[PDB]
Each structure stands twice: as structure tokens, then as C-alpha cells.
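Student: Given next are the chains, with one letter for each unit.
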Amino acid sequence: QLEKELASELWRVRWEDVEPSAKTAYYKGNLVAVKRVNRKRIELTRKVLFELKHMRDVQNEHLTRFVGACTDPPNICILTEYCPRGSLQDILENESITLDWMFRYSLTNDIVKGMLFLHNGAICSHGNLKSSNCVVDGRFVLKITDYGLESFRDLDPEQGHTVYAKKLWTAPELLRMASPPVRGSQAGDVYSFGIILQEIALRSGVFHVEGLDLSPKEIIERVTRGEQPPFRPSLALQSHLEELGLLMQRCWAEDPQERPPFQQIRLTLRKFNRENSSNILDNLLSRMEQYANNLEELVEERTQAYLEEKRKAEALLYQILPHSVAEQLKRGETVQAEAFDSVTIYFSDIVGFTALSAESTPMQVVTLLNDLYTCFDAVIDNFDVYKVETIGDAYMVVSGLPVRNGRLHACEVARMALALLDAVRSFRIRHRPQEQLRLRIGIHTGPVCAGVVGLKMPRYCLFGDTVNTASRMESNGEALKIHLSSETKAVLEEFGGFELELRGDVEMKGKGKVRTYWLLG
Amino acid sequence: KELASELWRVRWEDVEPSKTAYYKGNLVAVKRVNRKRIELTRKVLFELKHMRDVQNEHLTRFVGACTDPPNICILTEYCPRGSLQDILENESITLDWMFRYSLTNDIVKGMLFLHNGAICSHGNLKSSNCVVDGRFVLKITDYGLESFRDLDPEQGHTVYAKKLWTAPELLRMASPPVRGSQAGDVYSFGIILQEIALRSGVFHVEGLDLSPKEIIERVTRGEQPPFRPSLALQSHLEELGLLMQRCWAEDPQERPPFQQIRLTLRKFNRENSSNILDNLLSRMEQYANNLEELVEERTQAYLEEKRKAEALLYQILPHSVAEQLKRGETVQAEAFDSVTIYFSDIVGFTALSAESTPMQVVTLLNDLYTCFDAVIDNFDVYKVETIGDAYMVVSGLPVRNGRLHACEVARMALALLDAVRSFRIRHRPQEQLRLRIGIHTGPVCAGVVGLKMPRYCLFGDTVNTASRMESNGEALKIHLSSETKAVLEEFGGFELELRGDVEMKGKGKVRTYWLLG
Ligand SMILES: Nc1ncnc2c1ncn2[C@@H]1O[C@H](COP(=O)(O)OP(=O)(O)OP(=O)(O)O)[C@@H](O)[C@H]1O
Ligand SMILES: Nc1ncnc2c1ncn2[C@@H]1O[C@H](COP(=O)(O)OP(=O)(O)OP(=O)(O)O)[C@@H](O)[C@H]1O
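Chains A and B, in that order, are what the protein sequence lines are.
Letter by letter, the first sequence follows residues 466 to 486, 522 to 1021 of PDB author numbering.
Letter by letter, the second sequence follows residues 469 to 486, 523 to 1021 of PDB author numbering.
Simulated from the structure, these hints should not be mistaken for laboratory data.
Take the hints with a grain of salt, since some may be wrong.
Stated by the list, open to error - Straight-line Cα separation of at most 30 Å, DSSO-like style, residue types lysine-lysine; simulated pairs:
no.: 1; chain 1: B; residue 1: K810; chain 2: A; residue 2: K812
no.: 2; chain 1: A; residue 1: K1009; chain 2: B; residue 2: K1013
no.: 3; chain 1: A; residue 1: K812; chain 2: B; residue 2: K830
no.: 4; chain 1: A; residue 1: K1013; chain 2: B; residue 2: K1013
no.: 5; chain 1: B; residue 1: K812; chain 2: A; residue 2: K887
no.: 6; chain 1: B; residue 1: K812; chain 2: A; residue 2: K810
no.: 7; chain 1: A; residue 1: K956; chain 2: B; residue 2: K812
no.: 8; chain 1: A; residue 1: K771; chain 2: B; residue 2: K528
no.: 9; chain 1: A; residue 1: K981; chain 2: B; residue 2: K1009
no.: 10; chain 1: A; residue 1: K956; chain 2: B; residue 2: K887
no.: 11; chain 1: A; residue 1: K810; chain 2: B; residue 2: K830
no.: 12; chain 1: B; residue 1: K717; chain 2: B; residue 2: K887
no.: 13; chain 1: A; residue 1: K810; chain 2: B; residue 2: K810
no.: 14; chain 1: A; residue 1: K956; chain 2: B; residue 2: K810
no.: 15; chain 1: B; residue 1: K887; chain 2: A; residue 2: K887
no.: 16; chain 1: B; residue 1: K887; chain 2: B; residue 2: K810
no.: 17; chain 1: A; residue 1: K956; chain 2: B; residue 2: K956
no.: 18; chain 1: A; residue 1: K830; chain 2: B; residue 2: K812
no.: 19; chain 1: B; residue 1: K887; chain 2: A; residue 2: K830
no.: 20; chain 1: A; residue 1: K667; chain 2: A; residue 2: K523
no.: 21; chain 1: A; residue 1: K1011; chain 2: B; residue 2: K1011
no.: 22; chain 1: B; residue 1: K956; chain 2: A; residue 2: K812
no.: 23; chain 1: B; residue 1: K1013; chain 2: A; residue 2: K1011
no.: 24; chain 1: A; residue 1: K1009; chain 2: B; residue 2: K630
no.: 25; chain 1: A; residue 1: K812; chain 2: B; residue 2: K887
no.: 26; chain 1: B; residue 1: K535; chain 2: A; residue 2: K981
no.: 27; chain 1: A; residue 1: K1009; chain 2: B; residue 2: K535
no.: 28; chain 1: A; residue 1: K830; chain 2: B; residue 2: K810
no.: 29; chain 1: B; residue 1: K630; chain 2: B; residue 2: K469
no.: 30; chain 1: A; residue 1: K1011; chain 2: B; residue 2: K1009
no.: 31; chain 1: B; residue 1: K981; chain 2: A; residue 2: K1011
no.: 32; chain 1: B; residue 1: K830; chain 2: A; residue 2: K956
no.: 33; chain 1: B; residue 1: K956; chain 2: A; residue 2: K887
no.: 34; chain 1: B; residue 1: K887; chain 2: A; residue 2: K810
no.: 35; chain 1: A; residue 1: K810; chain 2: B; residue 2: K956
no.: 36; chain 1: A; residue 1: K643; chain 2: A; residue 2: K528
no.: 37; chain 1: B; residue 1: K535; chain 2: B; residue 2: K547
no.: 38; chain 1: A; residue 1: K540; chain 2: A; residue 2: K528
no.: 39; chain 1: A; residue 1: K830; chain 2: B; residue 2: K956
Produce the entire structure from the sequences given, and follow the hints as far as they go.
Tutor: Right under this line is the structure:
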């Protein structure tokens, strides 16, 4: 029977039907995982033959099973039962799995037991036990893969300097200037578990010391020196979980016969887990429930964040155009060009807005300008006005777009006249208690045309011969007063009750003698 | 002994309002009751006895319901995480066939115990009142409640919206009981299966769907067309439709035995496994995988959206704004040492534009923007804004430009001729335009004004008076201010024509020079 099974050749995948599509592949109607190593010298190694067959005959709860081997000359590789989640080191290091310490204790104990079985049978502890080769099952039962099959790996000094990239967990004794044995040492196992426990206890990569970080070269050489102090990454200075620190301590010292057996290791682990170490069945359920709850909370927080971006993205493109645009993009395809000539516009400036303001002191007025912007905008929400521009010389607001009515705009302009008269006595310069600046404004009705231009950041533009004429005529505005023209005067006539006075016949550049009026209230 | 003390004396004092409240355990759900007056009787005694009686694995426990003069409610266990109806409604979660199927089987078992013993009936079996548990443990709510319900008569909005679930055997009556018909339970499961079968809301086949009131009197007006919403035509679950078709049985007795229902569902069962834990573990696995997929999609969309927003924001302001967006959050205006300001507008742009038709004026403005685009790529220049005809920009860069603002006039002089030469009014092919550029060289202070919609604003007496003066200028000739003419003197390679001392408002006789090229 033994001879027959050994001759059976039950480990040959033969890499013919298997389809490739870190590099997961599909074979045996199941998810697979294949890792290979550059070697072209395999033979029918009797010892390795038994090792391969025995591995294929090894099973346990916390181990990881085998499938088949790559005997083809294209390559040679293992076939392993892929598991969904990534390497454990990634698992903890993501900072997005929101672990808990009961969770971690259970993981440590499970890995302990799996290794223990790994060490109680014909297969003995594997050489390397890096924290980055402990996979998590779909049902979340820790497994320790990539072990055994001695002659099946890239056992090589070839890389030379590059070898020092990945040996950090190597047992200190084995990591000396000597040719190592493939199998490894049980002391090596104790050290491996100690270092992995450290990494799963501090939650930062490998050898996370806050005082001084050092590349792999530095850590390797430091470990190698064998200095009097027991070099190893430090333990958080707290008494909350001293037991685990002590247990790791017993596994670190270079005393080869000091790293204990796993009998006492499991004994101390159970003594600690007596806090919550209850059952062997329900553990899976509670663990998965905790993990799922945390994942759902994380995704809820991300989804909350995503809405935050949408509102801000909206605030840039849509908001530039008048709020009629707010409909235009908000299913307002009907929000298009207009031909309404009953539009009232207020363009005003600060008497000596620039010269004195800039000359007073560098960088001593810009904040005040922002304050004026904010306050006068808040008032700008006190009336139905779609502010047009805030040009350096002046800001110009014209209304009427939000409601297609020829009576609302005139009343809005008339009201804003008195509102600006008040603003004259509003937003006094805080920095200079003895400092006052007055605003001059004017209104000029007439035909106008509004339309949306621009591709990247389209904006509304409101052009009109009346607009240009109003600018050219109001360029001579006086302080703390308002000038109205004939068109706007007629607007006021039918707009509603008001107290307008007659300034007289003002000679306007390009307009000639124009009768003008003062708005009192 | 049982008479002595209720063991259902849940006063808030024990609990905290902190609408699920907490009591010395996990979260304990509550439900207010508008009773306002009590004369508890032996009937109530047996009510409490039954309330405590059952502790089945698929019946959700209560402890004690308040009986205070002003208020009363039942303190049940707050099994969190929504409802089954919801747990399929929200499109995010994607239950697979087997998952829904097993959910149905579990409901079968829970109901099987529901009233096969002491408790007679519940009557309200709304899917929304059967929630999932912390770890995939379905239950069924409000069993018992000998009188704990809104028995008060409304015959109004309550009828409109809150009674749909009861089936016609219940509907075809004017005296609703505390506990519904056994066939009533069968019907309740029938419509619950109706809702779980497909992802629709409630009692809604495709096609014509009358609104809820129409649904109500359809419920009570049933004709020989036996109006049970028919299942999905998909033939991979047609056997389910068999049960569904039977469940809402017009003949009261034909509504099959519930145990027979369970046994048929068993034969029906997908042969996954027989373990009681295995099913739970597999379910949680599927749910977790779906949640991970949701996380992935959300993250992808968030990154894409923010990338687009950043692109737009960078487009808005000058590249110095890009740098500020990079790391710097606090920005204060720069009192630049010396800059160049170019003001551009055509002669009689206002008049000509007004002459045009506004509708075609929109295309004219599009033409203007496009034609300005070409001049928009000459050298470092940030177009401040485009208000009307005037199209102005400055060449001040975040860092020293080696007197590059001298190159601003160079760029404008180069671009003006090219733009004017072969740029035409689409709606005004017959009409042509002449472009005049006014350049000044001087310092100015510029900064970001506003935060919600911050914009670069640059103020400087040079800029202001230069814009005003260039307002009136020579024809088809780039005028430069003597101030900027000297800087042009510093930078070689070009030719300058001395226009001479022109009258500038607020400036008197001020020298100006015409661009040569
Ligand atoms: N169960 C698994 N089997 C194979 N690969 C896995 C598994 N789980 C995760 N992986 C991924 O495959 C990679 C294989 O591990 P790794 O790269 O550490 O092997 P190696 O570096 O060739 O040798 P060692 O495992 O000793 O480091 C991991 O880095 C990980 O990203
Ligand atoms: N343990 C629980 N106790 C109470 N409500 C819950 C519980 N779990 C979930 N819910 C929520 O309760 C809602 C069901 O509605 P609700 O219980 O308020 O009215 P009802 O029970 O149908 O009728 P009434 O409340 O009048 O008896 C669902 O949205 C569900 O998510």
C-alpha cells in the first residue's frame, strides 16, 4: 500500500488545462494560487518525493491545503487554495479594518495552534514564518501557507546584496554569516512567532520603533552585532497587557534554550484568554459579526464623504451663473435666452475705493474687502438679485431672471437703492476706527440681453447698449448719493410709491444733457 | 406564585431615553401604546403569562411593558440593522437566490413554531415588522399583544395606508380581531413571499398598478380574476410561484396547511447543507463580500468626483491658484514689485453689438470667446475676467518672472494682429471690427477675495488709471504708457513708435508710444 501510494503521483497538476486568467489562477474548478521559483534541475528526489506526498496527506483546521505541483519545463510552482483576504500584515496595517484586541488574541491563539500541529508531526517547523505569509480564509480561519516542500523553493545566495531586502524575521542565530539549512530551527519558530506577535501588537509594519527608524540594512546589521543589550523592537510602555510582552520577551533573548516550547506558550495564552476565552464554535460567528459591523460603518462614513464632494462640485460650476441657472442645470432646459427690456441694474463703486485703500498699508485692507464682500452678499440675499459682476472698479447686479416678471425687477432695484444708501452707513472699517468710505451707485433702465457663454466654466453675460451707456454716463458718480436715468425714472413711476427728486439736466459724455433724479426713499 | 408579581414592570426609571432605548443589556426597542387607562384582568394576567411563555430561537423576546398612567410601551430587544423588506429594498445589498431562499425557509420554521403551541395568532405579519438579528437570525414581531395594538377605530388614513398586509379574508370584515385568522397567517406569508420573490416594494405586479386606495377596494372587491400579484415569469423559480399561486387561496381551506407548506419548501430546498451553523456562516460571508464590493465602488466614485472638482477649480483661477491648492491653505495678497496690465476692447463694440440680433448675439459672443482663446496662449498671462466687450488680463506670475511682464505687451502685440486678421462675426459676415490694446507697466496688490467662490483681484492706481485712459485710444494701434515704454526700452528686440504727450484724464499730458512689432 505504501509503495503503491508513493508511486501514485497524486501531486502532479501538469499545467496543461489550467488557465492563468499575487497571480491567482483557476484550476480544478476552483480558485487557485500558484507561486514559482526559477530552477531547471528538478528530479525524482526520493526524500523530497516523500515530503511532497506527506504534505499532500497533511490536513488540519488551521493549516492550508495543497493541490498540485508544476513539473513542466516552462516553470515549477505550488498550487495553493487561494483565500479572499490579503496577507495578515496588510490586514492589520491598512488601518481600515478597525480591529479589536479580543479579535487579535484569538488570531494569535489560532496561529499558535496551527503552528503547534505543524510541529507535532513528520513535517517540522518551516524555516520562515514571516508575518506576511499568514493568509485569512473565506470563513476567516487563519492558515499558514507556503511551508514545507524543502527542495521546492528558490534556495539561493544568488541575489547577494538584494537578499538583505527580506530576511528581517530570520532567526538571529540562523541570520549569521553562514550557509543556512532549508528546514530551519525550532528556536527559529519561537523567534518568528515573537516577531509576528510584536507586529500584531504594535500595528506598524516590521520593527516599528518610534525613536529611530532604519532601513532593512540597519536593522539587519544591528541584529547581527549581538551587542550586550537584547536588541529587538520595543514594547509599548503600558501595564494593560504585560503578559504578552513578557511572553514575547521569553522568545527574544539570544539564549537558544530560553525561547520556550509551545506547551507553556499555549498555557500562558489560555491563562490570558480566560478573560473571554469561552468556546470553540461560536468564535467564528462573533468575530465575523464584529468585522462586518466595522466594515459597514467604514463604508457608511465613506458614503457620507462622497456626498460632501458632490455639494462642493455643484457649488463651483452651477453657482457661477444666475440662480435661474440653478434651475437651468437642475432640469431647467427651459432656462434660456431672454428678451425682457424691463431690467433694473445697480452698478456702484467705493468713493476712493482703490487709491486710499491700497496706499494706506499693504495687506491691511484685503481682509476688510472680504468682510465687505461677505456682508454685502448676505444683504444680497435680502432681495431677488442675480449679481452679475464684482469688477475691481465696481460690482454690478441685475435682477429679473428668477421670475419672468416685468414688475419684480424694478421694485427690487428701487429697494436696493435704499439698501445701498443704508450700506453707506454699514460695514465700517473695523481696523481703522477713524476711517470712513462711502459708496456711489446709479440705476439705468432700458433694453438688455442676457445669455450664457463659456465652455469650461460658463458664466452669464448681460450686454446692452443701455448697459454701456449707463457705465459711460455713471463714470462721473458722486459720493454718498445715487443717480437715476430717464428709463429707470419711468420704471419708478409705475414701480410703486417712492420719494424721487429732480436733480436737473446733466451733460453726459455720449449722452448729452440727460435729466437726472435723486432717490431719497 | 405566578400571580404574585408580574415581572413586566418596565418603568423608564430603570431605562434611559438616552426610537430604541437602553436597559442594562443591549439596546431594548420600545413601542408606545395609546391606552391611557387600564383595568387589568385575569385576561391580562394570562396575556403576560403567554408573553413570557415562549423563548423560541426565532421569536424575539420582550421583558416587560410599561403600564404607567400617562404612558405604556413594550420593551423588546433592539435587533439592529433594519428590516428584511428594507434589507432587500435598498439596492446596495445584493442578496443571491440562495440567500433569499434560505431566508424564506427560516421564516417557514419560525412561523411553524409561531402558533403551533400556546400562542394562537398574531395577525400582523408585515414584512417590515420582521427584522434581521445581529447575526442573521430572523424573527417575527409583536406576537401575543393580547390588547397591545391601535385598536381605536379610525376607518380613515389608517385604513388607507396601514392595513394592506391583511388578506381579503381579513379584509372582508368590519370587526378586526386582536389575533388574525390561521388562514390569515397563511395569507400574510403569501404576500410576504410576494414581496421577497421580487425586489418590488409591496403588492405590485408590473403593468397597471393602481394607487393604495384602489389597492384597498381591489382587495375587498375581488372578482373571478383572482387578483393576487403574479410572480416573475422567470422559470427558474416557477415552482415558488406554484406555492404563491396557492397560498392566496380563494377558498379559505385551500390555503394549505402551514406544516405542509414547510415540508413542500423542504423538498423545494436547495441542497446546500444540513448544518445549523454552516448556513449562518455562509450567509455572513456573502453579506461581507457584498459590503466590500460597496466599499470599493464608493471609493472609486469619490476619487473620480474629487479629481474632476480639482480640475475645475484649477481651471478657474491662475496657476498660482493651482500651487495654492496644492498645499498652502492660508493665502494673503501679494504686493508685487512691478507688473504689466493690458486692457483690450474694440471701438464701438457696445454700439455694434447692440445693433445685432440678441439671439445671433449669443453666437457672436461664442465667436468672441473662441477668438479670444487663440490670444489666450501667448505667454504667462492670467485672464482676470470677461465682462462685456473688454477682454483684459495680467502677466503677473506667482514668482519673479525676470521682468516678464514686459513680455506681456509683446504677447498682446503679437496676438492682436493674428486675432483680428482671420476672426469674423458668424452672424455678421458683412460687418468687420478693429481691435485697440492699452498697455501699462506698474505695481499692484493682488489676492484671493472670498472663500466660497474665491477669485483673484488685483488693485493698483496704475491699473485703474490705465484702464480708464485706454478706454479712449488711438485707432487700430496698440498704445503703451510711457511708464511701460521705458520698461520696453529695457527689453530689446522690438520697435516702438512715440505717439507723444496725449491728454490723459487725471494725468495731464502723458507720453504714449505706438507698438511697432
Ligand atoms: N494564501 C495565499 N497564497 C499565496 N499568495 C498569497 C496568499 N494570500 C496572499 N497572497 C499574496 O501572494 C504573495 C505571496 O507571498 P510572498 O510574496 O511573501 O511569497 P515570497 O515572498 O515568494 O516568499 P515568502 O512567502 O517567504 O515571502 C503575498 O505577498 C500576498 O500578497
Ligand atoms: N426590534 C425592533 N423593534 C421595533 N422596531 C424595529 C425593530 N427592528 C427594526 N424595527 C423597525 O421598525 C419598523 C417597523 O415599523 P413599526 O414597528 O414602527 O410599526 P409596526 O410595528 O408595523 O406597527 P405598530 O408600530 O403600530 O405596531 C421598521 O422600519 C424596522 O426597521
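Student: Indicate, hint by hint, whether the structure satisfies it.
Tutor: Hints, verified against the model:
no.: 1; hint: B:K810 with A:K812; in the structure: holds, 9 Å
no.: 2; hint: A:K1009 with B:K1013; in the structure: holds, 21 Å
no.: 3; hint: A:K812 with B:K830; in the structure: holds, 17 Å
no.: 4; hint: A:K1013 with B:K1013; in the structure: holds, 28 Å
no.: 5; hint: B:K812 with A:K887; in the structure: holds, 27 Å
no.: 6; hint: B:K812 with A:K810; in the structure: holds, 11 Å
no.: 7; hint: A:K956 with B:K812; in the structure: holds, 12 Å
no.: 8; hint: A:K771 with B:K528; in the structure: holds, 29 Å
no.: 9; hint: A:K981 with B:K1009; in the structure: holds, 23 Å
no.: 10; hint: A:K956 with B:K887; in the structure: holds, 14 Å
no.: 11; hint: A:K810 with B:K830; in the structure: holds, 20 Å
no.: 12; hint: B:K717 with B:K887; in the structure: violated, 62 Å
no.: 13; hint: A:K810 with B:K810; in the structure: holds, 8 Å
no.: 14; hint: A:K956 with B:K810; in the structure: holds, 16 Å
no.: 15; hint: B:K887 with A:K887; in the structure: holds, 21 Å
no.: 16; hint: B:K887 with B:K810; in the structure: holds, 25 Å
no.: 17; hint: A:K956 with B:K956; in the structure: holds, 19 Å
no.: 18; hint: A:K830 with B:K812; in the structure: holds, 19 Å
no.: 19; hint: B:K887 with A:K830; in the structure: holds, 29 Å
no.: 20; hint: A:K667 with A:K523; in the structure: holds, 23 Å
no.: 21; hint: A:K1011 with B:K1011; in the structure: holds, 24 Å
no.: 22; hint: B:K956 with A:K812; in the structure: holds, 9 Å
no.: 23; hint: B:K1013 with A:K1011; in the structure: holds, 26 Å
no.: 24; hint: A:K1009 with B:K630; in the structure: violated, 80 Å
no.: 25; hint: A:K812 with B:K887; in the structure: holds, 24 Å
no.: 26; hint: B:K535 with A:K981; in the structure: violated, 66 Å
no.: 27; hint: A:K1009 with B:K535; in the structure: violated, 79 Å
no.: 28; hint: A:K830 with B:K810; in the structure: holds, 21 Å
no.: 29; hint: B:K630 with B:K469; in the structure: violated, 36 Å
no.: 30; hint: A:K1011 with B:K1009; in the structure: holds, 19 Å
no.: 31; hint: B:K981 with A:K1011; in the structure: holds, 27 Å
no.: 32; hint: B:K830 with A:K956; in the structure: holds, 21 Å
no.: 33; hint: B:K956 with A:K887; in the structure: holds, 15 Å
no.: 34; hint: B:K887 with A:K810; in the structure: holds, 28 Å
no.: 35; hint: A:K810 with B:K956; in the structure: holds, 15 Å
no.: 36; hint: A:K643 with A:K528; in the structure: holds, 21 Å
no.: 37; hint: B:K535 with B:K547; in the structure: holds, 21 Å
no.: 38; hint: A:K540 with A:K528; in the structure: holds, 26 Å
no.: 39; hint: A:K830 with B:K956; in the structure: holds, 20 Å
Hint check: violations occur at hints 12, 24, 26, 27, 29; the rest are consistent with the structure.
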